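We show some of the complex, not the whole, and keep each chain where it was.
Just so it is clear, A and B label the chains in written order, and each chain counts residues from 1 on its own.
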Amino acid sequence: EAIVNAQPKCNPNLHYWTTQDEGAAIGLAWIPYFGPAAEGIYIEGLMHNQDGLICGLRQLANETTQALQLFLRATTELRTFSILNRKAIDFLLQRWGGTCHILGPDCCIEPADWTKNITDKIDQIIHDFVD
Amino acid sequence: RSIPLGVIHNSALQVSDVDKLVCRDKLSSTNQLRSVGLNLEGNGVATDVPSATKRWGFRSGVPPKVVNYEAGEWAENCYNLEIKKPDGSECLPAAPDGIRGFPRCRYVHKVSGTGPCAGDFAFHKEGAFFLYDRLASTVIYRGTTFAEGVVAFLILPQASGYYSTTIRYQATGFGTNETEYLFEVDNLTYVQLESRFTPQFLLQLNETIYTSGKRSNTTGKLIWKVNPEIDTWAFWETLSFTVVXXXXXXX
């Protein structure tokens, strides 16, 4: 499906915060004893609504809530950290969880360059045919 | 109805799980997978304390749940609650270990007061989450700054300082149809709060009271009421004092 922002308003600019998980450490700043406190581990950035991405993100998070809440109701983990890892696993299972039938729609194997390695190396026998 | 996943196709965002993905769509690392939190502010919801508190309610029988997110949005309005029952017992649970306040808040509306609290936990009546420090919860924790928001999940393509101001409020009948709020100028000077009041107006009104000398000069409580003559949409797109407990009016 495609997302349709159906909210009363949209802030088209996204002033975000996150953590630089492994940013270029400066000297001893990576050592917890010397490094920043909890309030000073954040980087910031500003994103604009190019391709309508910001207003699409707001609607996407809005539409994600029902499925996310139902997943949380069904789990017994107090804190869930594995959603993205399971989505990466499901990405691989849908592509590689069965037998990959080459040239089939569900097999992501491209024999392009190397069909042009058999079909051009036929010329090592068909006209290397010296009689 | 599995958890939707955001992906960019034809220069446009859209939902498409790992099973609705074409062979051209490429995922080379878990780094391309990101969980983000977006604030209800950005969708145009009313952010004043009277309007925001009515979106929250107490309920028993539902265990709280927590999910993490990696990136969040700078908030204009955050909330921090210290609510007790009239008998003095706490209405909200202490923050679990590792749950800290939302990291970017221009205004922190700290509300202290009383209510019946007919429920073990306080939930969001519209299903939204309470966003803390990279952790989203279904319930409100005591004295912990949060922003209202929702979570999204993304597949990324391969490819001004921080100022914070605390605004304090007193409340009675919290979480009910008859809830009264008071903006705190000091421990003895208060203003009857209405939904029309913006954070900047509260800070300017509070400055006027100090810079003109309208704080209570006794040991008793002074409640100023703003009369409807003094007027006060989205945050991103923008007097005479007479006294008549001790109620008064500001014209």
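What we mean here is this: a contact is a pair of C-beta atoms (placed from the backbone, for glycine too) under 8 Å apart; a residue touches a chain by one contact, two chains touch by 3 or more.
Whole-complex chain count, expressed with the shown labels: A x3, B x3.
Heads up, the rule we're going with is that only the chains that are shown with their structure count from here on.
In this assembly, the C-alpha centroid of subunit A lies 30 Å from the C-alpha centroid of subunit B. Only residues 1-3, 7-11, 13-19, 38-39, 42, 44, 51-53, 56-58, 60-73, 75, 78-81, 83-85, 87-88, 90-91, 94-95, 108 of subunit A touch subunit B when the two sit together in their complex.
Every residue of subunit B that touches subunit A in the complex is listed here, in rising order: 1-6, 8, 11-19, 21, 23, 27, 30, 33-38, 41-45, 64-68, 70-74, 100, 103-104, 127-129, 133-135, 138, 149-154, 233-234, 236.
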